Amino acid sequence: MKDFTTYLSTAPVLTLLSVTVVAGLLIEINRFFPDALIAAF
Amino acid sequence: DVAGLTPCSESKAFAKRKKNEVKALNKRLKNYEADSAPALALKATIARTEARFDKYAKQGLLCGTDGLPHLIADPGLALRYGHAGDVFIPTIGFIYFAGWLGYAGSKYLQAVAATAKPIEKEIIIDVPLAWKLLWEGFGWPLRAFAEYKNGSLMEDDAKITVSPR
Amino acid sequence: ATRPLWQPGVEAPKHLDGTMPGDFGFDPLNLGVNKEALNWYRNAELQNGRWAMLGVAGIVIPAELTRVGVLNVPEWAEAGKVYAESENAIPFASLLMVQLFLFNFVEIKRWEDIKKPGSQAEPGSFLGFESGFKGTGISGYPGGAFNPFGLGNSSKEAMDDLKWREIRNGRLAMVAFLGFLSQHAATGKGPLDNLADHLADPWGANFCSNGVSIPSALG
Amino acid sequence: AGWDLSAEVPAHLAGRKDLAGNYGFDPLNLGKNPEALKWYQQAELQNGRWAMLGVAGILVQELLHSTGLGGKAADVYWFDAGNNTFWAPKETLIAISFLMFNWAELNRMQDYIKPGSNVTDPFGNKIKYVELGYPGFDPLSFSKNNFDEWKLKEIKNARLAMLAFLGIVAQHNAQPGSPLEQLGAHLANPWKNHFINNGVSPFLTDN
Amino acid sequence: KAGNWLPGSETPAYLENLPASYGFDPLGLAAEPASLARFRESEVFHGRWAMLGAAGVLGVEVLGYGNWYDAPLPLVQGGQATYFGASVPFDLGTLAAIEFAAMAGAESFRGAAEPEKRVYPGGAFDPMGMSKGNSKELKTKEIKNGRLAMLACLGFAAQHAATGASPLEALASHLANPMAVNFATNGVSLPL
Ligand code: CLA
Ligand SMILES: CC1=C[C@H](O)CC(C)(C)[C@H]1/C=C/C(C)=C/C=C/C(C)=C/C=C/C=C(C)/C=C/C=C(C)/C=C/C1=C(C)C[C@H](O)CC1(C)C
Ligand SMILES: CC(=O)/C=C/C=C(C)/C=C/[C@H]1[C@H](C)CCCC1(C)C
Ligand SMILES: NCC(=O)NCC(=O)O
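Protein chains in written order, with the deposited numbering: chain J, 20 to 60; chain F, 318 to 482; chain 8, 29 to 247; chain 4, 30 to 236; chain a, 32 to 223.
None of these hints come from the bench; they were simulated from the model.
Some hints here could point you the wrong way.
In silico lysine to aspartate or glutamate, EDC-like type, Cα no more than 20 Å apart, as pairs [claimed, not checked]: (1) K162 (chain 8) to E168 (chain a); (2) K143 (chain 8) to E464 (chain F); (3) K21 (chain J) to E439 (chain F); (4) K372 (chain F) to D54 (chain J); (5) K67 (chain 4) to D188 (chain 8); (6) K63 (chain 8) to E464 (chain F); (7) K191 (chain 8) to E64 (chain 4); (8) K336 (chain F) to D54 (chain J); (9) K336 (chain F) to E367 (chain F); (10) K434 (chain F) to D22 (chain J); (11) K63 (chain 8) to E439 (chain F); (12) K360 (chain F) to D22 (chain J); (13) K67 (chain 4) to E160 (chain 4); (14) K449 (chain F) to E39 (chain 8); (15) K32 (chain a) to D150 (chain 4); (16) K449 (chain F) to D55 (chain 8); (17) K438 (chain F) to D54 (chain J).
Just so you have them, the derived chain a footprint on chain 8, three or more residues with Cβ under 8 Å [unchecked claim]: (18) 144–156; (19) 166–177.
Ideal Cβ placement from N, Cα and C applies to all residues, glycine included.
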């Protein structure tokens with residue numbers, strides 16, 4: 020376990036995981052708030 | 318109007334573009350039973366297009382000679398014309414988020430530099446420490462201005478290595 | 029040191045000792061690790077808290093007094109336009125410039141306090157009034173001409189107690205003013221209007237029903 | 030312990046016996062700070078004396094209103110007293126009261142800040158002074174025998190009167206009429222006329 | 032001292048030997064010697080100006096020449112200012128000029144002197160020689176009358192800015208109906 024979590028902290032896996040999380044977040048934001056051209060508040 | 322650009326809610330070419338794009342999607346519709354999955358997809362697409370064109374007209378974006386929204390990139394000439402959401406507000410938003418990520422990374426570097434194996438803590442990140450610093454990075458304007466007024470943000474060039482001229 | 033903290037069980041950071049009034053060990057973002065920045069933030073909190081206490085008073089007290097039937101002043105959001113449309117009203121630009129010109133003098137004086145907390149007491153500054161600016165050793169607590177009644181001007185720990193009362197009330201006032209701003213942006217009603225509305229139907233009239241708090245897109 | 034058997038006097042009320050009506054009642058420890066307790070004793074005395082005056086006024090004036098003796102002045106409800114004309118309008122009465130009470134209450138406050146420094150009048154008359162909250166106003170000198178007993182009587186009646194005034198205002202907001210009118214209303218049945226059956230107090234019953 | 036402002040109290044130590052001192056300094060404005068040494072002269076001058084002002088406000092109205100407020104109205108309105116009934120044919124600009132020249136030379140001569148000579152100049156400013164013969168009591172007289180006149184001038188300005196009447200007119204309106212013609216009755220001063 021400790022070594023498995025160390026493996027999950029490696030740059031190859033953590034980078035890929037973070038890119039996946041940020042990509043998913045942008046995809047969700049664009050799915051619910053689409054076609055937003057300006058910061059209309 | 319800020320420079321010969323009538324509001325898209327007034328421009329006839331903008332509404333004409335709306336019309337033409339919707340008419341294209343209608344022509345694509347006229348081939349499926351209006352209850353099949355392709356028909357539902359086309360109807361959803363048309364609803365999305367109509368919503369976008371109404372949203373753009375509501376927010377008062379400027380359309381040119383053609384029917385396409387234009388943006389203003391000068392504070393003052395966009396703040397006295399109600400167009401600060403075009404470049405200035407997203408400028409603030411970006412600058413903030415970019416600074417947040419940069420400050421989180423910078424502080425992580427300065428935190429793992431003073432350890433046993435600093436070259437090891439870059440390829441095997443310490444996730445709890447990275448996450449703590451990622452949370453602390455949200456106040457980056459405050460902390461960065463504090464470090465500049467303190468002089469601890471930067472390093473004097475007498476200590477940075479340089480090339481032999 | 030052993031004082032109650034914002035989270036019981038979470039120890040306070042080793043920079044928020046226990047000397048500042050209002051110190052509960054709350055600093056998750058670690059904004060006050062630098063001592064000089066911590067002093068500037070303390071002074072900023074004092075200014076924000078005092079202005080928010082004044083503002084929230086001038087918002088609720090006229091509002092509640094209007095509600096019962098006295099003074100019948102407008103609601104705080106439209107009070108700017110209500111005066112602005114009056115006959116002999118000062119123009120907005122000139123009014124704002126008058127206010128900013130006065131506050132320039134006052135706030136640069138307070139600033140030169142914040143740097144060296146005895147700066148403005150040098151003789152020859154004002155016309156004999158410079159003595160009242162000597163400060164009290166801590167920035168943000170002038171005393172002298174300020175504090176005319178000499179409250180807490182006795183037992184030191186008495187002044188420490190009133191400092192905690194002041195800072196707690198100021199924190200409450202700033203939270204309440206953020207509440208007023210966010211409530212008027214969402215529900216175009218007044219503070220007491222929202223209060224008397226929520227008590228009517230707490231499960232129906234809240235922040236998950238105005239439709240502005242929770243995004244309509246999601247639901 | 031006195032106020033509630035098997036409980037325990039809260040230390041700061043334990044050995045501090047020179048307070049009138051000390052029964053150890055302090056579930057909230059507002060008086061833990063000695064200066065706070067020194068201020069709170071004075072607050073209790075002021076509230077109690079003013080409430081004895083006010084409740085005596087309410088009860089006597091409303092008894093006169095019910096029976097009928099004081100004329101058009103007193104044939105009104107206590108809370109509707111602003112409709113009587115009087116020798117002055119409301120405003121000048123309020124202004125006069127501001128001025129006079131500023132004088133009296135600042136004399137008392139100056140007594141508080143340095144006890145005993147303000148006893149003498151501009152004409153040189155000098156009164157005595159015993160204890161902080163008790164300025165020794167004794168024209169008939171009911172204070173030389175069993176003084177603690179007399180202070181106990183005063184404080185107990187003061188607490189009763191403050192309770193009475195809280196009841197007066199709560200009942201006036203709950204049920205209509207004069208206080209003694211409500212007392213008679215309760216005494217009428219009484220098993221139905223009680224705070225439960227008002228539609229204003231439980232709220233759990235009949236909306 | 033002679034006075035205690037607050038009958039029981041402790042008064043500022045530096046206020047003891049001054050003429051007409053009541054220990055009135057709860058703000059500590061004159062704690063340092065220079066501030067007090069300036070404020071004494073400022074107060075005396077303020078009192079003299081007030082006494083003269085109040086005399087003028089009473090005299091311009093008690094004799095029968097109008098208010099203390101309408102004084103400068105005949106300065107514009109085309110022209111023509113009245114003084115006892117003369118025309119004094121002097122437009123607005125020359126009044127400011129003549130008064131500026133006079134007050135500039137006078138105030139630049141009275142101040143350029145020593146601190147005692149700045150406030151209590153014997154010279155020709157005591158023609159009847161009342162400056163000697165125990166002047167401490169007379170200094171108390173001057174200072175207390177000056178305080179009274181300062182409050183009088185402040186009251187003139189405030190009651191005009193509230194009721195719009197005149198000192199004698201306000202006094203008459205109060206004496207006729209003391210009961211509903213007070214500061215408490217005009218809805219400016221007392222609001223509640
Ligand atoms: C947190 C790390 C970090 C920080 C604070 C900076 C900061 C800076 N960089 Mg730099 N850079 C980085 C990483 C970083 N860089 C990496 C990984 C690369 C390799 C691709 C580069 C390559 C690079 C070049 C070629 C240049 C700079 C330049 C600069 C300066 C101009 C600002 C800018 O827009 O740069 C631009 C930023 C990039 C081009 C890429 C950014 C990389 C990602 C987005 C950030 C990394 C975050 C980290 C992985 C996450 C850690 C978080 C933690 C919780 C674990 C600035 C001081 C410019 C300069 O010379 O100064 C004037 C310049 O030309 N950088
Ligand atoms: C502590 C910490 C630390 C950690 O580490 C991190 C974190 C978490 C970030 C933190 C937190 C923070 C916070 C919470 C903040 C908030 C603040 C506020 C709210 C302020 C306000 C503040 C506020 C303020 C000043 C206000 C003021 C006000 C005013 C003047 C008003 C005025 C007025 C009036 C009267 C009336 C009229 O008609 C109108 C007007 C004109 C409008
Ligand atoms: C605003 C303006 O225009 C200048 C006013 C000058 C003054 C008050 C100077 C006054 C004196 C001082 C204090 C010492 C030297 C000369 C004075 C006349 C006694
Ligand atoms: N050296 C000039 C001086 O002392 N002036 C005092 C004043 O301003 O009255």
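Hint check results:
For the suggested pair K162 (chain 8) and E168 (chain a), the alpha carbons sit about 36 Å apart, so the restraint of at most 20 Å is broken. In summary, the hint linking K143 (chain 8) to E464 (chain F) is supported, as the alpha carbons are separated by about 17 Å, within the 20 Å threshold. Distance check on the hinted pair: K21 (chain J) and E439 (chain F) sit about 18 Å apart at the alpha-carbon level, within 20 Å; holds. In summary, the hint linking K372 (chain F) to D54 (chain J) is supported, as the alpha carbons are separated by about 9 Å, within the 20 Å threshold.
About 18 Å separates the Cα atoms of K67 (chain 4) and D188 (chain 8), which keeps this hinted pair within 20 Å; it holds. A hinted pair counts as satisfied when its Cα atoms are at most 20 Å apart, and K63 (chain 8) with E464 (chain F) qualifies at roughly 11 Å. A C-alpha spacing of about 16 Å is found between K191 (chain 8) and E64 (chain 4), which places the hinted pair at or below 20 Å, so the restraint holds. For the suggested pair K336 (chain F) and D54 (chain J), the alpha carbons sit about 18 Å apart, so the restraint of at most 20 Å is met.
With a C-alpha separation of about 9 Å, the suggested pair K336 (chain F) and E367 (chain F) falls inside the 20 Å cut-off, and the hint holds. For the hint pairing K434 (chain F) with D22 (chain J), the CA-to-CA distance comes to about 18 Å; that is within 20 Å, so the pair holds. In summary, the hint linking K63 (chain 8) to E439 (chain F) is not supported, as the alpha carbons are separated by about 30 Å, beyond the 20 Å threshold. This hinted pair does not check out: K360 (chain F) and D22 (chain J) have alpha carbons roughly 52 Å apart, beyond 20 Å.
Taking the CA atoms of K67 (chain 4) and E160 (chain 4), the gap is about 12 Å. The hint holds against a cut of 20 Å. Proximity of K449 (chain F) to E39 (chain 8) is assessed by CA-CA distance (about 16 Å); at most 20 Å being required, the pair is judged to hold. The straight-line distance between the Cα atoms of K32 (chain a) and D150 (chain 4) is roughly 18 Å, inside the 20 Å bound, and the hint therefore holds. Proximity of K449 (chain F) to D55 (chain 8) is assessed by CA-CA distance (about 13 Å); at most 20 Å being required, the pair is judged to hold.
For a cut-off of 20 Å, the pair hint linking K438 (chain F) to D54 (chain J) is broken: about 41 Å separates their Cα positions. Counting residues of the stretch 144–156 of chain 8 whose CB lies closer than 8 Å to any CB of chain a gives 3, which reaches the minimum of 3, so the coverage claim holds. Coverage of the stretch 166–177 of chain 8 by chain a holds in this model, with 3 residues showing a Cβ closer than 8 Å to a Cβ of that chain against a need of three.
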